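Presented as structure tokens, the chain that follows is alone, the form deposited in one PDB entry.
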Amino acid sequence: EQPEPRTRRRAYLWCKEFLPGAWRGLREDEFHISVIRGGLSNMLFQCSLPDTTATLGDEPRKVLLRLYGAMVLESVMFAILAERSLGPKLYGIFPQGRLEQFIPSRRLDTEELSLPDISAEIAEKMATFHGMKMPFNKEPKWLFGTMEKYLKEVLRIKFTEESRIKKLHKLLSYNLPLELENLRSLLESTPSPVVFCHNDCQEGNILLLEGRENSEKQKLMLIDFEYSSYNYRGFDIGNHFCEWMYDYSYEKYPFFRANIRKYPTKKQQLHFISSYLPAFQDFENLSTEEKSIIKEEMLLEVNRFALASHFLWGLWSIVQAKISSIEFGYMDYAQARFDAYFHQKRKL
């Protein structure tokens, strides 16, 4: 798929000016660009040298262009992670978007999240991620801050179409402001270390790296850090566990399927946290009685913060049903998370 003429010309000039080597002297007519994703916001494109053009040095043959359609911290964050080799290299940054490394890879599917070697490696990459120092605020205000913010906007929504007004009423019927306070009180008393969290560690943000599909522990990369921040570790792990249940690649409306039965088993959760804990801390040296005590408390911790994943992204999805024009069943998804919230709450 070819972008429209203005984009191709803007893309061309960003590459030509930001990228070194053969890129600097490329003609418009030589420029190769194709759409990875369209839409009004965050369109992605692969830009490329002709195959017949030689590179002069260690410039890339292709790059990813991200057009937008917190900009400071998101940018600084992307730059630091690029420096640290935890994300894609940053080649250019500008008001309209970025030029990034093109990583030959595909995203994991939802079903691959339960594969033990995959899970174990997600565990490890996440632990690593949680261990880094980042020049942002270390006070854990993101979770209930963000939730408070969405609840206020949700409370002020007036829908005009019937099926939407129907859905909003049912969700409103639970007394979300009250339910938020109980949730806050549950987690108030649930210790969780504040660490630098991805906050959206899902299959859509984990790349299965090309070549390394034979590799057991080194075939993955976490990407798309827009929600990242210092936050309770339990949310990051709990949110990941919830993501086993959500498939955002379904092709008919509402364009996701939720399956409560696909939440990891205790056996599965334990397999995750058992990779995470020695990766994060040494831990293999503790007594198996202390290691179980720690593991068991973590399970409760992460399953309790799981509830914040349901509440936050449920609230988020209601806001999106109002302000977003993307083709997704945002209200159906709101209900699904709130269903899962009450189910999980009833399990606990």
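Definition used throughout: the rigid core is the maximal C-alpha set that superposes within 1.5 Å between two forms. Residue numbers count along the first chain shown, from 1. First, how it differs from the form deposited in another entry.
- Only one entry in 188, 162, 83, 111 has its C-alpha moved by 2 angstroms or more between these two forms when the rigid core is superposed, and that entry is 162.
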Given for the second form:
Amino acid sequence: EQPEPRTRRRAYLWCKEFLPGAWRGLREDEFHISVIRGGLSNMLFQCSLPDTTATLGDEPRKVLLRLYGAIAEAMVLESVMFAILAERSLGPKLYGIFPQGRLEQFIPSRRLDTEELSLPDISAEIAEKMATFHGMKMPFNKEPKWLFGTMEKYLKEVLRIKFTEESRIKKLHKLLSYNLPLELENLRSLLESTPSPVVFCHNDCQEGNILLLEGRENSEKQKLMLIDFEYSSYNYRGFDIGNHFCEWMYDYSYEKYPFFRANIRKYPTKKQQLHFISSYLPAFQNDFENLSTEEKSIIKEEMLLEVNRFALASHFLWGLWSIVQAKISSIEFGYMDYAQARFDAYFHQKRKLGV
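What would the structure be for the form deposited in another entry, given that what you showed me was the form deposited in one PDB entry?
No partner chains or extra molecules come along with it, only the chain itself.
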């Protein structure tokens, strides 16, 4: 609820010095702060004026304080990107930036639950928002090295790690038995033969990174915001959509070990996939709706092949990622069980595609 007394005091000075109006002349004893998220990295706090204090101009009543904590040229990219999205009215406003963190617009909202991804109005808007993200010019590397670069890097770490615990040695032995280095090379040749435009991708578009905006619940459209662009890069479009479709199957809010639920049957049906891309394509491609019914159908069918092939890379990348987390992460989670779930889905999807 309340933060440590040292971070209360640091938060007070940051707010007092970076925010205009009533903030400039606020006393420590009138400063309201409360935790939104703990951890050792990207701690969130809500900072606010007293309800009895009047604003003098257009300064916010409440802001979000983000402390980096345990983390250079990762911070400039994220900071520039955040600033750019704020200027374009695609993200929260940026009120303050300093070495320890930043002050952001506080958006009254909650995150989505996994089940909400299949609500047709939610799915259609995630598609429209993702299409808008993909149309953005960003001053980052346009070479799509991120996907295979990251898979190669995680695979290298996976082959070199040894466990001592009996359960983890048995689980790792099963995963290595798939011949991951060979499977990676089969995946490379499949995806190289699968045309997918290079676009600015979120790379982690899941329920936990989608805000439902308070007061907008009754609106069909324009009630969501995409956040948390930690993994964002120029990447194959197919991966961003494929990864999103995969995330229909995974719930990270389960309160008992292994702290996730996986359900292969929750993957979107062809009808749910077509609903999603029917909203994506007109948002991404000017006057898509004016094309012939036959051309629209052909583009849609090709895109389903594309995103369902790139979905394999979602399973592979996050599967490898989870094995590495099993060794190095201090967050309590069934990393090895999650890896097995991703590889089970990888082979299930391989069978469905006939590849």
